[PDB]
Structure formats: structure tokens, C-alpha cells
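Selected chains from the complex are presented in situ; the others are not included.
Letters are used for the chains, namely A and B, taken in the order the chains are written, and counting of residues starts over at 1 for each.
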């Protein structure tokens, strides 16, 4: 998790050099300019170090929130896997059930046709029988 | 892409400063105090730069692991997409199959009904015919 110490800037405990206080007769000129320039530059690098700290810190907070989002996505994916596999099972079951039901209805129609033929035949024979009855009754 | 150099701190100086090693009849008060706090400040900025660098490094490592996790999530998600599309196909197929089977069962039942009514007709006419036969046989 993001490290808050990166949010603490360094405050410069030194005071911006006054060019009155440097030793007069002991230093060369070039070295004087060197000390002053080094002071200013120390200030600047301090600033850069602080800003860098803040950049890395923000990178870390972003990484943390993205870690939460990644875990969430992972979980969602896993739930979705359970659901999809269950769905696979139930789909297969439904397809097989449809096919089996189809062979059953096929057999049913097969029986229906024969029943139709039989009922027609019985109808004809019954008609002939009725005619014979009427004929036998016609005489006495 | 990860830079290990960000995890390598710069080691400053060699020897620490107390005003012992300082000349100190040559330096004024303000400049003496300036040398010391500046020493302290250089130490502090070294520390801040190092910690910031390390923080950025850790941010990069986290970026790497998150990249791996992102790739994993990508593969898993795309596969789930293909699977879900397959499920869509089979579901549609099953719905259409059910629709096709239902009208089939309907016509089968309609024909069963017609066969029922016809059978009832035959069963009445057959009963009446039996009555006529029995009457013809009775007289006699």
C-alpha cells in the first residue's frame, strides 16, 4: 500500500547565503562563486527530490486503487465462470432432453397413423355389417 | 520495462562533520552555521532522493505484476466471450427446437382427439348393431 513518507517534503534548514558573511581574504573568487552556486543548487535539487517523492507517491496510490479494481474484476470473472459452466451443463441436458422427447413424439405419431388406419378399416367393416343387418331385417 | 537503477541509492561523502575539523578562526558565525546546516541538508536531500527513487521502483514492479494480472484477465475474459457466444447459439437452437416440437405435440393430440370421437362413434354403432343382431337371434 502507498507509502505516506513520500508526502513529507524536506524543508531546507539552511538559510539562503548572504555574500557578506563568507570569509574575505581566505577564499579565492572562483571558490566563492562555487559556494554560492552550490547553495542555490542544493535548494533546487531539494525541490526536485520533493516533487519526485510526490510523483512516486501518486504512482503508488494509483497502483493501490488499481489493485482493488483488479481483484474485483478477478472475482467477477470467477463468478462468471461458475455460471457459464453451470449453463453448459444445463444446456447439454436440455439438448439431450429435446432429442429424446423427439424420438418419443416420433413413436407417438407412428402409433397414431396405424390407429387411424385401423379405425378406418373398422369403419368400413361396420358399414358392411350394418348393411347386412338391414338386409336380413328387410325380410321378416 | 523496469529500471533496477532506481533501487540503487547514492552513497554520500565519507566522513561526517562536527565543527572540529573546521578551521574556525577563519570562518564567521553565520558562515560556520551555514556550513553545518548545509551538511545536514545534503544528508537529508540524499535520503529524500534515495527514498523517492525506491518508491518509483516499487511502483514499477507493481506495474509489472499488474501487467501480468491484466494479461491473465484478458485471456480469461476473451475465452468467456467465446463460450458465451456458443451458449447463445445452443440456447437459440433449443428454443427453436422446443417451438418445433410443441406444434408437433399439438397436431398429435388433435389427431388423438379425432380418433377418440371416431372410436366413440364406432362403439355406439357397434352397440346398436349388436342390439339388432341379438333381436334377430331372439326371434327365432
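Quick note on the criterion: a contact is a pair of C-beta atoms (placed from the backbone, for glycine too) under 8 Å apart; a residue touches a chain by one contact, two chains touch by 3 or more.
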Checklist entry - Looking at 2 placed copies, how big is the full complex in copies? => result 3
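In this section, only the chains that are shown with their structure count from here on.
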Next on the checklist: Rounded to a whole Å, what is the gap between the Cα centroids of chain A and chain B?
Outcome noted: 3
Item to check | Touching residues on chain B, where the partner in the complex is chain A | outcome: 26-28, 30-31, 34, 37-38, 40-42, 44-45, 48-49, 51-53, 55-56, 58-59, 62-63, 66, 69-70, 73, 76-77, 80, 83-84, 87, 90-91, 93-94, 97-98, 101, 104-105, 108, 111-112, 115, 118-119, 122, 125-126, 129, 132-133, 136
Checklist outcome for this item: Per the touch rule above, chain A residues touching chain B in the complex are 3, 5-6, 10, 12-15, 17-18, 21-23, 26, 39, 42, 45-46, 49-50, 52-53, 55-57, 59-60, 63, 66-67, 70, 73-74, 77, 80-81, 84, 87-88, 91, 94-95, 98, 101-102, 105, 108-109, 112, 115-116, 119, 122-123, 126, 129-130, 133, 136-137
